[PDB]
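The chain below stands alone and is given as structure tokens, in the form solved without the partner chain.
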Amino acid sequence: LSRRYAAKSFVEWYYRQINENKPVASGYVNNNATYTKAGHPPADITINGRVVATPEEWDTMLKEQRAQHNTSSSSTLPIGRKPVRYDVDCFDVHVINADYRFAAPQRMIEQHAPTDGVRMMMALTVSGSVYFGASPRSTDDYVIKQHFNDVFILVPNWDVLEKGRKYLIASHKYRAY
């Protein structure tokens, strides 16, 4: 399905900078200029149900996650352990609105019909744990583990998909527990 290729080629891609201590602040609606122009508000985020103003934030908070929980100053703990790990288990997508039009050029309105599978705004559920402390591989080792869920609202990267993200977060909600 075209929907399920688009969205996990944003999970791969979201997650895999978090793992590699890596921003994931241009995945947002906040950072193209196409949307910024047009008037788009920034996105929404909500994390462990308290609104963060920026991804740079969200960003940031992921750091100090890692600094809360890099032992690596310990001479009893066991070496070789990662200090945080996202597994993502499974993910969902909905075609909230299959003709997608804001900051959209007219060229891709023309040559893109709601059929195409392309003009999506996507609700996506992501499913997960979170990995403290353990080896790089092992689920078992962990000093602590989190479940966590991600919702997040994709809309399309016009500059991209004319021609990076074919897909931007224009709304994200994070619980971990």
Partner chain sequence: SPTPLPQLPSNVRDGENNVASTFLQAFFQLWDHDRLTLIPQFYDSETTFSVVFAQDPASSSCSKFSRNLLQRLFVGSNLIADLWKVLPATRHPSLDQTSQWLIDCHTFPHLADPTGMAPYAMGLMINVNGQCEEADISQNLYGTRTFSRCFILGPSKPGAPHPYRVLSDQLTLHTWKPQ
Given for the second form:
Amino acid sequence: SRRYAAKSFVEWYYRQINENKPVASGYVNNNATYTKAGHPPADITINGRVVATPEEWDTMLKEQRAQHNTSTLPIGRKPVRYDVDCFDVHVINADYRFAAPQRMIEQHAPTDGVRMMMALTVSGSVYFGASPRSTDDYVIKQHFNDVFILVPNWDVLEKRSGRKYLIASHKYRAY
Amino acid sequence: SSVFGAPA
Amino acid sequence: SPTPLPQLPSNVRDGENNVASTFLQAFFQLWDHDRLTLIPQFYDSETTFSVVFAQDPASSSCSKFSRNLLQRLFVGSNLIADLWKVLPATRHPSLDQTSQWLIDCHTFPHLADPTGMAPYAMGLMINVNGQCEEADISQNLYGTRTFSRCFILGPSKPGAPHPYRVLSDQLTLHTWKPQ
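What about the form deposited with the partner chain bound, after the form solved without the partner chain?
Once more the chain from above appears, this time first in line as the rest of the complex follows.
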């Protein structure tokens, strides 16, 4: 199980990207509770390049979809689209405690499906220049494989995802 | 605690 | 045409003890030639394993396995061997053919400490994108697989054969080109 937690993160994350919206808010860097507790910045690797901040990743996504001249895509073609084919999630620490309010420790035991550190793998395709619902009229097609380490967003769980779990580590590959 | 050693 | 993100080689940032190297050199050699020996070395009662999909020898294999007691199959330590037995025979390229491998790894905080002596332990995340030759002798099926495999490694339980163990092993079998 725990797919349900991963599903909500996955749906949020690739939707932001596909709507040209930022994903930086999903990383630990931008959660005050985690950072004042001393959490390090997210460890992000993009096709083998270590990327220092989530903000820089958003900028890179923007650059990837940028069109410069001489040629131009017909209207109605979308510069970049990510299609998720599959995702899978394992719990790698069911007793995650870092930056937890003590109350959350007390309220949810490791068997209770809340205080979960998760390893998430996502695979699918990247379409360049395709019509938004086409998988055939692309100019270029890549395979992509994303992996994440997700940690509990105490701020939200105290009170689906895109905010229920935060990204602590992220590796992106496309080829 | 770590068994992997420090990153370089 | 918009331009895809630049593609760089493997980004290997493991700790000084070079466990990612020792582990992966053993892993793919044994996966090809002595697969089940991996489990007592690195797998324990808590390890979890998944195989996912993104004719295919593996497809028919995981189908029949799942019926019995794009598609997903998740198992605990009790079934890992039995599943691995059913997965296709393989030959992977040597790891020193560096351009045939995309291996990214880093150490990360806040695993549990199985000794209970500390509140946290460092982990090692290893993600692999590679290819191999796959064969199924009976069905005369031979071809080239493209795959992803993500490992999470962490400190082993007291008494284990190595000081580290596999916590999580996620195999994604996408493309299969017959040949």
